[PDB]
Amino acid sequence: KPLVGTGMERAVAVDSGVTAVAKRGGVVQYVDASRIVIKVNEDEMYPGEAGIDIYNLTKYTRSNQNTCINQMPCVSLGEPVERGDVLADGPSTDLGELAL
Amino acid sequence: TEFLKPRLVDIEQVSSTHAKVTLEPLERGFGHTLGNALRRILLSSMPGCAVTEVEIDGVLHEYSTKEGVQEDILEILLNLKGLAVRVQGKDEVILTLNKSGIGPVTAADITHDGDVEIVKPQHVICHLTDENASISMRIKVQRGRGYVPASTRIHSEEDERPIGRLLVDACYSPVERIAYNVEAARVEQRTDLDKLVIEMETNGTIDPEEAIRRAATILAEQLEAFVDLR
Amino acid sequence: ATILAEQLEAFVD
Amino acid sequence: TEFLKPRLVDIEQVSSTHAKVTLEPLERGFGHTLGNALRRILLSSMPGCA
Amino acid sequence: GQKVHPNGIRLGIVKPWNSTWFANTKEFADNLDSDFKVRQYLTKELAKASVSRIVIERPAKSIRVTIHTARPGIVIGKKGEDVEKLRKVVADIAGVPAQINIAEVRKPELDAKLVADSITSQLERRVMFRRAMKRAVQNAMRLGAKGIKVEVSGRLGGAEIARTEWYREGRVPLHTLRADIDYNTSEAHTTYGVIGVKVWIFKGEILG
Amino acid sequence: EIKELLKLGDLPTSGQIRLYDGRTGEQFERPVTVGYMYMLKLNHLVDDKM
Amino acid sequence: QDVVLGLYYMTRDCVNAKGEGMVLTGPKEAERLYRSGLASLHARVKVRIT
Amino acid sequence: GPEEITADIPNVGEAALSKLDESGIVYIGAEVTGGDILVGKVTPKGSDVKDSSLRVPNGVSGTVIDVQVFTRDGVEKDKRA
Amino acid sequence: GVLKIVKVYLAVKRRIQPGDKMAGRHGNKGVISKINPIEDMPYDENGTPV
Amino acid sequence: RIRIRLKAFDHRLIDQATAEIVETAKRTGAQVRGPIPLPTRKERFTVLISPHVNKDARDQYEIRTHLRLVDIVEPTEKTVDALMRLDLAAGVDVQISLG
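Listed in order, the protein sequences are those of chains A, B, C, D, E, F, G, H, I and J. FYI, the deposited numbering numbers position 89 of the first sequence as 785, with every residue one higher than the one before it. FYI, the deposited numbering numbers position 54 of the second sequence as 59, with every residue one higher than the one before it. FYI, the deposited numbering numbers position 13 of the third sequence as 233, with every residue one higher than the one before it. FYI, the deposited numbering numbers position 31 of the fourth sequence as 36, with every residue one higher than the one before it. FYI, the deposited numbering numbers position 166 of the fifth sequence as 167, with every residue one higher than the one before it. FYI, the deposited numbering numbers position 43 of the sixth sequence as 1236, with every residue one higher than the one before it. FYI, the deposited numbering numbers position 7 of the seventh sequence as 510, with every residue one higher than the one before it. Numbers 846 to 891, 911 to 945, taken from the deposited numbering, label the letters of the eighth sequence in order. FYI, the deposited numbering numbers position 19 of the ninth sequence as 1063, with every residue one higher than the one before it. FYI, the deposited numbering numbers position 7 of the tenth sequence as 11, with every residue one higher than the one before it.
Hints were generated in silico from the structure; no laboratory data involved. A couple of the hints might just be wrong.
[What the hints assert, rightly or not] Incomplete in silico selection of chain J near chain E, CB under 8 Å: (1) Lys11; (2) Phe13; (3) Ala94; (4) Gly95; (5) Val96; (6) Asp97.
[What the hints assert, rightly or not] Calculated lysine-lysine pairs in the DSSO-like style (CA-CA distance at most 27 Å, straight line): (7) E:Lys49 with H:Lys941; (8) J:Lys46 with E:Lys16; (9) I:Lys1073 with F:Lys1242; (10) E:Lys79 with H:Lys886; (11) E:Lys49 with H:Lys890; (12) H:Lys943 with E:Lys45; (13) B:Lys125 with J:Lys30; (14) E:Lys4 with J:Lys46; (15) A:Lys697 with B:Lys86; (16) E:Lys49 with I:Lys1051; (17) I:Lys1051 with H:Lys886; (18) E:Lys86 with H:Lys943; (19) H:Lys943 with E:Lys89; (20) B:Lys145 with J:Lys30; (21) I:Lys1051 with H:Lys914; (22) E:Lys4 with E:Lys27; (23) I:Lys1048 with H:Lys886; (24) A:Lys697 with I:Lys1057; (25) I:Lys1057 with A:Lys755; (26) B:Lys125 with J:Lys82; (27) I:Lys1057 with F:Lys1242; (28) I:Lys1078 with F:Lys1242; (29) I:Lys1051 with F:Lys1242; (30) A:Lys755 with B:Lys86; (31) H:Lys886 with E:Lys49; (32) E:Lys79 with E:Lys45; (33) E:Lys86 with B:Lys145; (34) F:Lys1234 with I:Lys1073; (35) E:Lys79 with B:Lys71; (36) I:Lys1051 with H:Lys890; (37) E:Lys4 with B:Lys71; (38) E:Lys49 with H:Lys914.
Ideal placement from N, C-alpha and C gives every residue a C-beta, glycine not left out.
This is chain A alone, in the form it adopts within the complex:
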């Protein structure tokens, strides 16, 4: 988390797809050892396909420059998230910001 940033850290850390930005908002079930499980609020939820969103976290693996790309959940269990919000911090990210 850069103490002196410019505020463009948020847009770069979201728009580069290294963090697990929530597709549909709602609460959470948080099995998470394997995947973040998000229960969807009813307004964003389709009539059929009852549906809860299960995000795959990419754990310790090889990047193209032999660095380590790793995602860690930054939301707890039973915590509201909105559409477009971040859920898992990628490499060099801290709560959706950009921490090189």
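Following the hints, put chains B, C, D, E, F, G, H, I and J in place on chain A, whose structure we already have.
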């Protein structure tokens, strides 16, 4: 030779960790000498116990993940490296942490023995989320000084240990911050004397008068090479 | 050296 | 928890009023402790008459 | 049957025990039986893995096994997959909570038992016994044994008249109690019969 | 605004603190600048070049 | 670069410091007055040099 | 002939069969450094055996985090496959 | 075509050492030279090392 | 008073255990009685060493069970409980008994 000798007159505990201590009376000019010498020794060479080997069940390496927890295993090893333990009799003990159920895993959940004292009952380690999840780690707490890291302790270890024991770096020194001040002493007949106000900040495990006594013995036994031989 | 040792001679073990 | 005691290895006596006390080996960051303590005492505390 | 067992004579001094527990006359026999069982099982399992010494140690109604092996990788397999498997079976054998530790044997050429096993294996796969013996001796010497002796006996080269042959190198003092004499034995179940292999490895003298 | 924010915290307005020396225990003259810079580790590591 | 800054700060002067206009019997006690804390590194002074 | 994936590594002694299983290949995890053996991979006729067994490069350490194997339909011993 | 296909993924953990390269965001490159102890660092009067 | 009966085959180990127990006692409570050595049981065994026959051929083994009697005169709140988490080294059967 009209010199004097100092004593530890008042030892105030501001908290359980951050605690000042006076020294009185010091001679003229000696204040910064003893303060800087006790600072260097008290930051470099104090003995304190720390976590060395962590043994979690159903684990392969430290870069895996586990069932039912928040922090990953590297996060658990970092939060265990921050632990503050205070053993009394032995110099190498093995603790046990067993806990199931939804909720955070404090340091107060370790099934203590008699001679180990965990002085931080709000140190968080894990965040167990599944009620069917369990975690049973067996920590090993040695005792030394300085900084001995995992790379050097990769071949240094003689006692052939079995494979599966994660190696945590050893931050042995329990002193983190120390500042001294040379005030003006309130001596009823002398005005050219001073006091030394050492302001320690410990890990909670070390007793400040004991730390000052040990640093003084270290300095005296180092200077005996100058005293006796030439 | 003996000045400093006698100065620190008080609170040792 | 045992510390390294040194041996005083050399007194290169250049003149009758000159010396060079080569001294080895100490723990990491102890040479500055001993040297600075002795230097401040020898500068501003050693008794004598003039 | 001239000679005293080199391990057995030294258990009080320089050599330690394998089974390391206390029990009253009531539970002792049972414990022994359990130990025998578990050890037997382990031998059966970890034959391909080079295993030297199983050390059983049971405190507080819970069995702690310690397997000394030259290659932990084959005993452990994937990290905590094979060991874990072993553990439950051990527990079953005992009837108590089990705990397996695996000590890595540095220098398997200097471990006597391992050497013996190797020799036996060689014999089984129809090598010249003598050449095997030589190899055993030489290797140990190279590794830094103060001395080694090996002995093989019976139906050597499938010969009708059985005999014993033995190679010593360095010094192997057996009468000297303070000498660290790693002794052990094995048996090659060949087509012509059994061939017993003894091997003494003198690490050095202990001073106390 | 940097000066005013340094006045909200209890820090000196100039951005510069007097610093002592860990070796000699005595003050550096002419107070020095201490602050927090966001420093990065670039992937030119020395035990890939040796 | 660093060493010319250390020299340019060392051999300079200011119109008042600790030990302005005192007299010194050699360069050895000039360094002894700088180390003990009785003069400043730049304070104009009559010395006796050879 | 084809090359082979076996621990029965030659000339080299009880310094081959170590961070591996009885059927060959590094056994996962471990504190491997330089000069170790990861995948026993050597052929006969190549008293005429050799050591192509992919080892660890000089100067590096590490922990085997993952082993992938979509090998020539046969990699198995009698049964891990 | 390819027969035996075994890929093994090591993971070295490199710390920091004399010789690595660090840099801020402004173009201030640097090769980290000495990894000092905590004691020899310049501490301010509050006690924290830099 | 808490009487403690340490029993083991290895004497050194037993001694080590005893010391540890004392340490455990002494920090928490006060006036530990002391480590009193009782008589050692030397349970001997003779056996014929031949597989078939040779009766004068014999090995005479023994198991030396050592006893250490440690007593604690004042059981406090802190002290007695301290032993629960404080398990001793393996191969040493302890036997605490209050009153």
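field: Restraint status (C-alpha distance of E:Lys79 to H:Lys886 at most 27 Å)
entry: 19 Å, holds
field: Cut-off 8 Å, beta-carbon criterion: hint that J:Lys11 touches chain E
entry: 6 Å, holds
message: Check the hint pairing H:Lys943 with E:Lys89 against an upper bound of 27 Å on the C-alpha distance.
response: Holds, because 21 Å separates the two Cα atoms, which is no more than 27 Å.
query: Keeping to a limit of 27 Å between CA atoms, is the pair of E:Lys79 and E:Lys45 held or broken?
result: Satisfied, since the Cα-Cα distance of roughly 20 Å is no more than 27 Å.
query: Does the structure keep E:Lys49 and H:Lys914 at a Cα separation of 27 Å or less?
result: 23 Å, holds
query: With a cut-off of 8 Å, does the beta carbon of J:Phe13 approach a beta carbon of chain E closely enough for the hint to hold?
result: 6 Å, holds
Interface restraint verdict for J:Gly95 against chain E (beta-carbon cut-off 8 Å): Holds. Min distance 5 Å.
task: Compare the distance between the alpha carbons of E:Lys4 and B:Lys71 with 27 Å, and conclude whether the hinted pair is satisfied.
output: 56 Å, violated
message: Does B:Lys86 sit within 27 Å of A:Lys755, going by the straight-line distance between their CA atoms?
response: 22 Å, holds
query: Keeping to a limit of 27 Å between CA atoms, is the pair of F:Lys1234 and I:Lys1073 held or broken?
result: Roughly 10 Å between the alpha carbons, so the hint for F:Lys1234 and I:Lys1073 holds.
- request: Assess, step by step, whether the Cα of I:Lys1051 is no farther than 27 Å from the Cα of H:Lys886, and give holds or violated.
  value: 13 Å, holds
field: Distance restraint between B:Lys125 and J:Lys82, which requires alpha-carbon spacing of 27 Å or less
entry: 19 Å, holds
In terms of the numbered hints stated before, the structure departs from hints 22, 37, listed from lowest to highest.
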